[PDB]
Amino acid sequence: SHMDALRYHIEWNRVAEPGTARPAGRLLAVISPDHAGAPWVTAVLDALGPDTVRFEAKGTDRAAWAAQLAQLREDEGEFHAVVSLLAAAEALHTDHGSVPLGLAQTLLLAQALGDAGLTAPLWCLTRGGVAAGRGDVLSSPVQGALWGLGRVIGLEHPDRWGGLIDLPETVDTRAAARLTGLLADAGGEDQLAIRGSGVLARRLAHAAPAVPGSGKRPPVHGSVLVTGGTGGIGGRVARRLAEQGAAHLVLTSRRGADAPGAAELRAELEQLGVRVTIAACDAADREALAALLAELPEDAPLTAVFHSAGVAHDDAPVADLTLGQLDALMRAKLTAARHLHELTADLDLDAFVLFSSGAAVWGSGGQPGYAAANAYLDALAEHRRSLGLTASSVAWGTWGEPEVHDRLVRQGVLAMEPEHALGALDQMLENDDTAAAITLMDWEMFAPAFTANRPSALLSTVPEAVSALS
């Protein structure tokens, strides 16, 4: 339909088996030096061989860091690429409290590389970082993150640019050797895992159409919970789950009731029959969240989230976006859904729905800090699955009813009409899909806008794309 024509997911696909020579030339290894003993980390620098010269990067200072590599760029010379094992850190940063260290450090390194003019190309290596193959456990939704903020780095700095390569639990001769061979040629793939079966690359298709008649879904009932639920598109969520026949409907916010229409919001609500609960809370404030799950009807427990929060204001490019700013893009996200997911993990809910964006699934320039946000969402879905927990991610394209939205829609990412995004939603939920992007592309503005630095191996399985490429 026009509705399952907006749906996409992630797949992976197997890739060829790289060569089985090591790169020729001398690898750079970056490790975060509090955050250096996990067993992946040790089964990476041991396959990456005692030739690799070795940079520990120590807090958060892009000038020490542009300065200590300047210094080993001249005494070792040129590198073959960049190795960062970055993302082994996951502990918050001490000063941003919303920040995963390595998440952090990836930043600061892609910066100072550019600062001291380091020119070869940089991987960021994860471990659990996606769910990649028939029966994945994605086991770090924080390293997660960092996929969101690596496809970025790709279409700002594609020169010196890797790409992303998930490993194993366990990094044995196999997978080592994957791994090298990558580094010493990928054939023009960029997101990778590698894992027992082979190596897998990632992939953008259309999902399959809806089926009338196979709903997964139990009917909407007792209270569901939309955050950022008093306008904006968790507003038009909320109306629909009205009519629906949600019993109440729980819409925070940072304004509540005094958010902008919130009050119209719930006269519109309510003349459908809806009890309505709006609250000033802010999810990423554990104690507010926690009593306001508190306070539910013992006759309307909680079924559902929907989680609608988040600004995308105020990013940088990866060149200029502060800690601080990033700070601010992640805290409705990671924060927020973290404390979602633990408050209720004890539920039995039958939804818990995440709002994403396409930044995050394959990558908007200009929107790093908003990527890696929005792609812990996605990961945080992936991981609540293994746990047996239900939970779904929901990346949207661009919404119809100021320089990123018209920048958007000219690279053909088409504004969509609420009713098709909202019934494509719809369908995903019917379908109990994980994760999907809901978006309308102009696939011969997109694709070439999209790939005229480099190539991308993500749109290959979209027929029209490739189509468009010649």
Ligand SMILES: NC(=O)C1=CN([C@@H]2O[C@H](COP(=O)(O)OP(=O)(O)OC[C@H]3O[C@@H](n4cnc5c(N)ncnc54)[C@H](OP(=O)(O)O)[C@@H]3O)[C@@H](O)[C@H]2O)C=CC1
Given for the second form:
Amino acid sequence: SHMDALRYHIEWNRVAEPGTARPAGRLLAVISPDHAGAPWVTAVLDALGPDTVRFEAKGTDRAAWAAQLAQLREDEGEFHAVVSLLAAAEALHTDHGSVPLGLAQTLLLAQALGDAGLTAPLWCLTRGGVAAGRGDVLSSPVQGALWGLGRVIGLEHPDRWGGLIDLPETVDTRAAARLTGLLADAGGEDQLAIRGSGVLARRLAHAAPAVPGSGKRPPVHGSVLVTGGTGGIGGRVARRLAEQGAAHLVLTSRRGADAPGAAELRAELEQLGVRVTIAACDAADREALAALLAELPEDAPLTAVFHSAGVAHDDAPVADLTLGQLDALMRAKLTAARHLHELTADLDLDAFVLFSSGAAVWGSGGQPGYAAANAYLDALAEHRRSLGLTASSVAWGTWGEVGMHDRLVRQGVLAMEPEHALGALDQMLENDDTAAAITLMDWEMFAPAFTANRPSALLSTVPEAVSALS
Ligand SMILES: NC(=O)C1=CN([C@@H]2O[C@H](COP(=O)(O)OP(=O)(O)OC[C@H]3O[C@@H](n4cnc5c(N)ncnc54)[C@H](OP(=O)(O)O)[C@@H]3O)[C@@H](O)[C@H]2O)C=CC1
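Starting from the form solved without the named molecule shown above, please give the structure in the form solved in complex with the named molecule.
In what comes next, the whole complex appears, and the chain from above leads the way.
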């Protein structure tokens, strides 16, 4: 339908076995020195071999790394590639409590490589940051955030970007040869997962047309929490839920009952019959969330979460983004969603819906922070599935009418009518799909623009993008 035509999903398809020769020139491996002990880090360093130059990226100091890298580059001449193992640093940064250290260090590595004039393509490796292949388990949502950042590095610095590669749990010599072969020549691919069966690469496809009933979505009832529920998209979601008979809607935001439009929204929802609670509740404050959940009465237990809290403002190009700007974009996404997961994992929820963005699914220049933050959401929904919990992630394109533009519409990410976007969301929930993008695209505008500087294997599975590029 029209609503079906907004839904896309990510799939992973088999690509060519790589060649057998390792790279001719010298690799530079980047290690986070406090987080260099995971088995897959050892296995990758052993696969790169002992002639690989090693750089320990200590702390988060862009100017000190630029000077260290410039010396390496002077002494070695041109590297074949830079292979980052920084993703193994999952612990939170000591000064930026919503930023995984390896995410901070990956940003600063991309920055310092540019500053020093190292031009060799940067490859960011992860372990468990994607769910690729039937049955695969996304074990690290934190490393999954890195993929959101990496895709935006590829759009802002295409000439010095290699790609992303997720490693299996056991990096055997077949996996190792796949890795070193890809580093020699990746066949134009740049979003790759090495698995036992072969190498897979990431693809965007139209989602299957809706099948009513197929997901056995239970009737909306009980208490439903909508973070960011006082307005834009969260408010429209709340209205849909009230139309569909919710008993009690708990709407939160930092401003709560003081939010713009909040009183009008409460009155409109109440006219439908729904009990409304509005709370001023920072979604990343764990104690406030717990207090809100403790207030729910016996007769209206929590049945669903819709996580719409978030900001996109105060992002910046990769070359300029600060760790304090990245912490502020992460906080309502990573920190808040981690708390929502931890405090509801035992409640047997009917839905746990995380609102992501096209910035995280395909990438948007100028939005590295927002891409990382929303890629963490997508990765958490797949991780939660592996635990047997419900979860979904919905990556929006551009909304019309309400919510958070001119650049994006000009690049062919067109504004959706709210009712069509909401009806596409309902199709995803009735199917019980784990992940989708819901976006109106003009592919004839989007594909040539998005690929002007480097090809995108991601879009090869969208026939409208192939036709635009013909
Ligand atoms: N509009 C669009 O085209 C798209 C939207 N999205 C995503 O959908 C979600 C909703 O966006 P939209 O409605 O358009 O944006 P709005 O700015 O209209 O709504 C976002 C809301 O989140 C609340 N919020 C922000 N930070 C926090 C926080 N730390 N704790 C609790 N609430 C917070 C805001 O209220 P307060 O400031 O009072 O906290 C507001 O209620 C966002 O997560 C966004 O990333 C994704 C793609 C596209």
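Each form is matched to the other, and the largest set of C-alpha atoms that superpose within 1.5 Å is called the rigid core. Positions refer to the first chain, counted from 1.
Taking the core as reference between these two forms, the lone member of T94, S214, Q271, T170 whose Cα moves by 2 Å or more is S214.
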